[PDB]
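The chain below stands alone and is given as structure tokens, in the form deposited in one PDB entry.
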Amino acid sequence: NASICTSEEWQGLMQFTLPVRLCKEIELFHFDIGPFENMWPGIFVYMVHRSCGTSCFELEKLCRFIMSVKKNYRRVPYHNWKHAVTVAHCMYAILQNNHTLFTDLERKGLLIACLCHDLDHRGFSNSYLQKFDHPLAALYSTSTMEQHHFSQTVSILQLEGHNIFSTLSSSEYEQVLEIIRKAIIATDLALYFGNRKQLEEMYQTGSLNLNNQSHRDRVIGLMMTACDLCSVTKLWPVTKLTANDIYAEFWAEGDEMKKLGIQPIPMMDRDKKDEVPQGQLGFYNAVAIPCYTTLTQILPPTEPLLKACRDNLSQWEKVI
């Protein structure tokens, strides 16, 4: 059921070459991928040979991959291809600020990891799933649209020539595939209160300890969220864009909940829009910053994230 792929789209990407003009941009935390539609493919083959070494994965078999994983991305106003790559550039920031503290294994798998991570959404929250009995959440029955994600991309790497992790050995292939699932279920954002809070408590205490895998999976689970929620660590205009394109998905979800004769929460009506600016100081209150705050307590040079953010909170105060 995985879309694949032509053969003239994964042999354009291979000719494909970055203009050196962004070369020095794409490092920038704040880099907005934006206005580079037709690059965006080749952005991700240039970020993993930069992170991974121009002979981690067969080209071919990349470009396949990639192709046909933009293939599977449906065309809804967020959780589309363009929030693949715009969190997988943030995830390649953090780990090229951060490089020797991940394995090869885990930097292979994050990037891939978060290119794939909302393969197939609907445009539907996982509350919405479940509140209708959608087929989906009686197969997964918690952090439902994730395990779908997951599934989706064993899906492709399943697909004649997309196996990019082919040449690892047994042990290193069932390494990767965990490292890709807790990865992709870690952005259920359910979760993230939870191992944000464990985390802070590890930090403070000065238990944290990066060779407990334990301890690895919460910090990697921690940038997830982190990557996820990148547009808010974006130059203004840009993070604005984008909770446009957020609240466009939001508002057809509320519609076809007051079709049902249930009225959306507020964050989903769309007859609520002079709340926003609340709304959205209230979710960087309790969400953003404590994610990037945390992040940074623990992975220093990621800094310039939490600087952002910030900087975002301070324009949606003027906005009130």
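Numbering follows the first chain given and starts at 1. Rigid core here is just the name for the largest C-alpha set that superposes within 1.5 Å across the two forms. What changes on going to the form deposited in another entry:
Once the two forms are fitted on their rigid core, between these two forms the CA displacement reaches 2 Å or more only for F36 among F36, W251, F283, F31. A movement of the C-alpha atom of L18 reaching 2 angstroms or beyond is seen between these two forms when the two forms are aligned on their rigid core.
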Given for the second form:
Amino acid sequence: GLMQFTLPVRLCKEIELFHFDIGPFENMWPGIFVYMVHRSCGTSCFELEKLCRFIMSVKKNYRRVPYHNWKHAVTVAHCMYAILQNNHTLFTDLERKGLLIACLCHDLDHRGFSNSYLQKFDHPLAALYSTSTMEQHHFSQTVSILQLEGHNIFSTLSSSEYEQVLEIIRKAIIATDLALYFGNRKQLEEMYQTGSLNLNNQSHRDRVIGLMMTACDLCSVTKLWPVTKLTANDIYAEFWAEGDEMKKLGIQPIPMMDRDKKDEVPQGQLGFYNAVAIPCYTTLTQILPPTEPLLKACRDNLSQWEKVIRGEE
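If the one shown is the form deposited in one PDB entry, what is the structure of the form deposited in another entry?
The text that comes after this line covers the one chain and nothing more.
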């Protein structure tokens, strides 16, 4: 109860910045995450005996994939933590509790394949969920772990606070289905231009949290160039594996995934930052001004990829 976590000075300072890397030491990530809950939400809002067990069950149910892994979970939670702490008043005590849990669980039991690959493979999970396949799987795994004994971190909420918090987490996890991002950004844009946006409209908050979630989920692109560059490798390791699996199914895959089209990557990154990342953070900064560091860091990296093409690295 009087048992706050501390961190090495460098981590204590660097953790409050959007562009924080959580480092190569697996065994501190749980301490980092707990620390984020305790500053973001209070020393009280989760019983330590129960949080720590939830964290360790969630670690266990991520897999050893190059990108969609436990380290990705915690990066995404960190980024959400930075947004909450720079947007201190805008969000309820419940939103704070649910969104960090949402982020930690957002990719539970991911195998490193797209919704598309399950559909073309005819994987059972595509039968049981037609759209946002992995995302309904991830929310489903999250509820399963919450029902293990000594794992209900929410035990002390009222029935209705409980239903609110699980409903936050579910929409939050679903929003990480980038297929849904595009229209969710379009609608939020139109509501901020035409000034109709209202953060007491619960359908409006929903969209906003949805964008926050896209932003956190993509936040490897808002890191210092050396981190972005090296995470790009991890994401492509998965893509090229999927491309290989597409070919096995006798389907020439999209070039993003053809490991014989490695040359076309830097142009592909350009396309992506232009089509997706820049738009995401632009609209996010438009809505939540204190998140600009994300847009600035995104732009730097876009520029770093322009320099790649021009032969300058």
